[PDB]
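K.L.:
This is what each chain is made of:
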Amino acid sequence: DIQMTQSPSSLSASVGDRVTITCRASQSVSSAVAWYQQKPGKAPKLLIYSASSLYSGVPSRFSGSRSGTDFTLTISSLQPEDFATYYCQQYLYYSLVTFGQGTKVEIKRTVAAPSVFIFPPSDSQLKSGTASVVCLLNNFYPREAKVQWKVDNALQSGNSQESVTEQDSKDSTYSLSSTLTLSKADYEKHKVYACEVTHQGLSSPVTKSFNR
Amino acid sequence: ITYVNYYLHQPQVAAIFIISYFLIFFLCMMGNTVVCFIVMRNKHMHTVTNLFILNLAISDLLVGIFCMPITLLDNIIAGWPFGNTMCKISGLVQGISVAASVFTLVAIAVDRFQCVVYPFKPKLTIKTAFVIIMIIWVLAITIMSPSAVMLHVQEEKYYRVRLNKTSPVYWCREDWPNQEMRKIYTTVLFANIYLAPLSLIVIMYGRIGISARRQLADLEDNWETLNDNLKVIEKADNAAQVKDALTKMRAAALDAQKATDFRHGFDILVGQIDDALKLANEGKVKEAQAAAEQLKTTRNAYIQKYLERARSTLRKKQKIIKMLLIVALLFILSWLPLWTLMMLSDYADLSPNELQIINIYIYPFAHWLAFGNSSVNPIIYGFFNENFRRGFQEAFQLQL
Amino acid sequence: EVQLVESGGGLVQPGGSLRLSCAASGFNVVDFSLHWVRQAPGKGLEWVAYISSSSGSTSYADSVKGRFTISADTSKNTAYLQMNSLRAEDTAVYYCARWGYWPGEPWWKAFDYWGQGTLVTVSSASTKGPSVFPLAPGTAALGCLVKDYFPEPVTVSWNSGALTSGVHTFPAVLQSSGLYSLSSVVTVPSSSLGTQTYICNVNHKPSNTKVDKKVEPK
Amino acid sequence: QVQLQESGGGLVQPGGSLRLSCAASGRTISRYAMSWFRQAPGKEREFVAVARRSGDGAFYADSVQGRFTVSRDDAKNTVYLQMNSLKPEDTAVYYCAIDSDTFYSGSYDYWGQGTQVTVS
Numbered sequence: 002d003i004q005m006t007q008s009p010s011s012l013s014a015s016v017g018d019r020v021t022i023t024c025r026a027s028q029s030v031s032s033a034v035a036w037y038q039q040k041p042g043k044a045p046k047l048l049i050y051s052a053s054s055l056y057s058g059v060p061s062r063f064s065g066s067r068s069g070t071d072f073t074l075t076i077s078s079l080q081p082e083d084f085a086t087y088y089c090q091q092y093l094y095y096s097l098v099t100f101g102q103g104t105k106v107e108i109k110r111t112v113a114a115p116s117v118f119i120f121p122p123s124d125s126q127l128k129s130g131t132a133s134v135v136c137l138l139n140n141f142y143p144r145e146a147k148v149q150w151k152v153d154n155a156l157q158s159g160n161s162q163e164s165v166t167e168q169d170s171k172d173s174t175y176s177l178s179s180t181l182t183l184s185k186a187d188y189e190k191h192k193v194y195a196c197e198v199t200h201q202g203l204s205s206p207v208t209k210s211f212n213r
Numbered sequence: 032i033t034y035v036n037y038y039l040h041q042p043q044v045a046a047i048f049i050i051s052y053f054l055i056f057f058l059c060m061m062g063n064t065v066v067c068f069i070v071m072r073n074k075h076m077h078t079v080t081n082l083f084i085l086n087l088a089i090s091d092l093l094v095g096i097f098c099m100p101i102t103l104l105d106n107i108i109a110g111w112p113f114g115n116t117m118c119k120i121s122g123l124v125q126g127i128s129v130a131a132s133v134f135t136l137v138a139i140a141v142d143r144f145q146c147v148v149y150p151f152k153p154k155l156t157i158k159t160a161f162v163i164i165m166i167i168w169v170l171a172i173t174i175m176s177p178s179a180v181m182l183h184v185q186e187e188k189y190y191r192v193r194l198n199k200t201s202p203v204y205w206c207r208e209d210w211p212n213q214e215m216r217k218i219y220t221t222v223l224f225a226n227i228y229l230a231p232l233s234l235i236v237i238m239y240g241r242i243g244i245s246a247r248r249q250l251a252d253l254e255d256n257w258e259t260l261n262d263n264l265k266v267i268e269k270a271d272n273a274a275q276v277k278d279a280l281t282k283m284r285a286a287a288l289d290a291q292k293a294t310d311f312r313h314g315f316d317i318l319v320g321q322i323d324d325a326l327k328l329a330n331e332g333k334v335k336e337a338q339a340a341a342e343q344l345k346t347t348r349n350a351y352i353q354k355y356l357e358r359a360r361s362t363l364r365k366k367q368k369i370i371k372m373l374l375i376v377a378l379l380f381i382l383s384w385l386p387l388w389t390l391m392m393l394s395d396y397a398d399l400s401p402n403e404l405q406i407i408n409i410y411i412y413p414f415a416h417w418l419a420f421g422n423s424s425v426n427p428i429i430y431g432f433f434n435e436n437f438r439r440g441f442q443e444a445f446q447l448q449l
Numbered sequence: 004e005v006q007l008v009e010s011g012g013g014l015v016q017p018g019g020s021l022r023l024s025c026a027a028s029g030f031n032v033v034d035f036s037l038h039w040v041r042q043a044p045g046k047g048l049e050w051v052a053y054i055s056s057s058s059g060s061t062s063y064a065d066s067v068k069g070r071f072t073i074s075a076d077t078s079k080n081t082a083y084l085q086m087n088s089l090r091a092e093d094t095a096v097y098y099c100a101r102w103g104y105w106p107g108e109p110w111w112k113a114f115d116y117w118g119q120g121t122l123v124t125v126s127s128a129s130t131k132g133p134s135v136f137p138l139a140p148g149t150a151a152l153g154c155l156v157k158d159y160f161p162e163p164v165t166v167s168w169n170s171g172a173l174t175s176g177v178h179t180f181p182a183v184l185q186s187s188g189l190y191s192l193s194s195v196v197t198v199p200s201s202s203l204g205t206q207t208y209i210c211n212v213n214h215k216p217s218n219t220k221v222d223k224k225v226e227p228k
Numbered sequence: 001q002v003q004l005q006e007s008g009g010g011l012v013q014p015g016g017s018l019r020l021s022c023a024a025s026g027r028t029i030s031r032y033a034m035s036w037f038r039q040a041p042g043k044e045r046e047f048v049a050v051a052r053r054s055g056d057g058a059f060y061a062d063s064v065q066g067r068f069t070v071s072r073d074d075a076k077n078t079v080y081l082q083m084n085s086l087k088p089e090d091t092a093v094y095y096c097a098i099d100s101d102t103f104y105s106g107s108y109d110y111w112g113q114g115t116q117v118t119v120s
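Chains as they are written, first to last, in the authors' numbering: chain L, 2 to 213; chain R, 32 to 194, 198 to 294, 310 to 449; chain H, 4 to 140, 148 to 228; chain K, 1 to 120.
One thing to keep in mind: the hints can contain errors.
[Said to hold, decoys possible] Under the rule of at most 27 Å between Cα atoms (straight-line distance), these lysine-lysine pairs were calculated in the DSS-like manner:
| hint | chain 1 | residue 1 | chain 2 | residue 2 |
| --- | --- | --- | --- | --- |
| 1 | L | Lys128 | H | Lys79 |
| 2 | R | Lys335 | H | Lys68 |
| 3 | H | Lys224 | L | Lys209 |
| 4 | H | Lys228 | L | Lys128 |
| 5 | H | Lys112 | L | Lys128 |
| 6 | L | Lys46 | H | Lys46 |
| 7 | L | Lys209 | H | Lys112 |
| 8 | L | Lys105 | H | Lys112 |
| 9 | H | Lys215 | L | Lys46 |
| 10 | H | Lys68 | L | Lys147 |
Just so you know, these hints were derived from the structure itself, not from any lab.
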């Protein structure tokens, strides 16, 4: 019931930066909030308890503080191993625990526009009665691009599913793949299939199309 | 070529001047003597702030002995009857005491800032206060030794004083190589001694006032959150808002305990909120209310005494801060005419008539106000402390 | 050294039953309250339940009330979370965490020690092998689509691991039919398209298939 | 029905400094992201930088990274592009842009005429 809102979900920062994560509680709980760090594939680790006290063994760069119902975590020097997802939990009673929505601290990088490719379905897949077209966005840093599928200048919804990789270890850039799946009967109806991409690093949308 | 009588002022104005100076001298003497007697005689009085108050009394005594009668005799008589040594001693002592008073006020304000805004920090010891007093005196010595080391009495040939012995008049003034160095030294002294400590003291006392008021407001809010939510539980009909009331009580109890035997009572109170919270979670409200009704017994037996005693220190702490603010403000207001008259006569190019009016009617008044400030601090201390009033009665009864 | 270890998490049909076990070493479960906190794939942590065996006090989240039951056996020093009538949104990684008792530091240190977490998957899909399909292509992209497989784990390599530069294997996305789809792409110079042959080898251990599909330009 | 005007520019020697500024009239800006683009003779509208909403970072192209700085003043509904160490490769027409997506998807619809910045 005690809503715990962790607004700065997106945090792009570089090594040595001083990052700050705020957390807002609905009710006026005491200094009874904790900050946890979770790296992908692992369990959360206690970083801060009692809204100000540093847990034993964790680096001293992390520091939390409280003002009213506003609890803020800070990393003075963002070490390369500080890139994880940070969660803001309130522990007022045993049965009243509400974590925050989590903030993913990523590596700051220069803007790169995605390179957009389109792949029509293979005839082998057509033999199975289904056709999946796939549009690939390659090496774009800000994970905010939007892909729209146009089939004879018609925009569809509910049939396109996309997945984005984690930030690359080499160049710290994201890659995305959007698959639009249709039946063969619904695929042979139309001839032109296009994926149109909008990116913050792109002046105009990049449209890659193929004719069937 | 001007003959001047030994006495210059009219007998009536001279009489009122000397009687006013004698009145302020007697007030300063009596007040500082009784303050020193009170601080030395009663062992419970000795603290860091009281030690700095004793230092202030010592500086005011130095002003009263080495600066006030000498200035009065300088004003009543034409020129400077005393030698160069007496004049340099008087001026140097006045400057030393001004600097010592300013630095002691700054130290007092810093100590109370640590006491109020950051009470978790350890309190300064008597030895630390004593070494701070010593370094303050050393700083005053090294900042206004140039006035004493560079000074001389100059003879003016155009005015000769006679009773039936005629002799050219003498006056002691800072004989700087040029007025530029004197002006820059005076301005830097004004900035380091008056302006910057004024701003620091004002802003720090304001921050103390903010910090002092906030602590009591939260204490009252947490106390009334526990009290009013208890009435909610008694009047609640179902277990949803008993849980909500118990949730509000728990946060307030944790907050009140954080505010600085006392923590043990909050340990029991929070545990009973948990005990009532378990019953509310199980579903039935009737036994949760009964468990909540026993929180009143521990609230009365462990929290009412905590709240009334925690409230007591807060109120008493303001009065000391207010007294220190008043004595700081009165010091700053009393020395304002002297510094502003020096600035006006140095920077603001005025008419020769304006400077003539400044020297005759404004300089003696500003000088009297600054010297009369030394007799004001004991009055403030006595009227803002019941302990000093008891010391006043004890000393008067003992000696009379 | 204290240590929470979770076990019992496995694939179950919707409406089925499961029993997670949290073994606690180092400390005794009498002196600490044991909490179950679940994290859905791609989502955040959410508190599920807790038990305090000192007082036997149990509580559950409103989303699992009446469907999960938490017990604690102190003879074996373990806790159990029996999850029955499991729904499709109960699939998640469950962590067993340790929260001390009031007063003092043990309570103020909330969830200081967690377990490694065990993953439960609630779906009615059956174990079936994937269908690998080619994605015919300065530089050009080239990959293969590995779709219609269950359960989640599947490995895709290129040229038997010889090709690792430019290879992006996207996370599997749960289809509307309960199966999974994945894409493995690689960006290679356009000159290599005409000469070098590219093969993606896809291995699905649960279905014991090692289909390797070669991709060619058009 | 919303337009946005850009100022600054001119002839600047190499290593100089310019503070371009685009102010949008007719709509609020604090909820959006304001980007700066460059068009050089024979070049197709190269991205320069972008300032997201307050509390979010400001991102730059690798060409202008470390030299340009995009500030954002929402009191006047304006964004500034402080350019420092202007090399002769920055000679281009600079456009401001405001994307209609609050999720920063880069949907640019209002651009403006741009300001010509010539470096020798």
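K.L.:
Are the hints correct? Go through all of them and say.
P.N.:
The hints, checked one at a time:
1. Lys128/L - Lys79/H: Answer violated: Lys128/L to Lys79/H is near 57 Å, above 27 Å.
2. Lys335/R - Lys68/H: 22 Å, holds
3. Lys224/H - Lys209/L: 24 Å, holds
4. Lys228/H - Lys128/L: 18 Å, holds
5. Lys112/H - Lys128/L: 60 Å, violated
6. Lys46/L - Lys46/H: Since the Cα atoms of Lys46/L and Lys46/H sit roughly 17 Å apart, the hinted pair holds (cutoff 27 Å).
7. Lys209/L - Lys112/H: 54 Å, violated
8. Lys105/L - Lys112/H: 24 Å, holds
9. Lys215/H - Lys46/L: Answer violated: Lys215/H to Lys46/L is near 32 Å, above 27 Å.
10. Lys68/H - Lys147/L: The hint is violated at about 39 Å.
The structure fails to meet hints 1, 5, 7, 9 and 10 from the earlier list, while all remaining hints are met.
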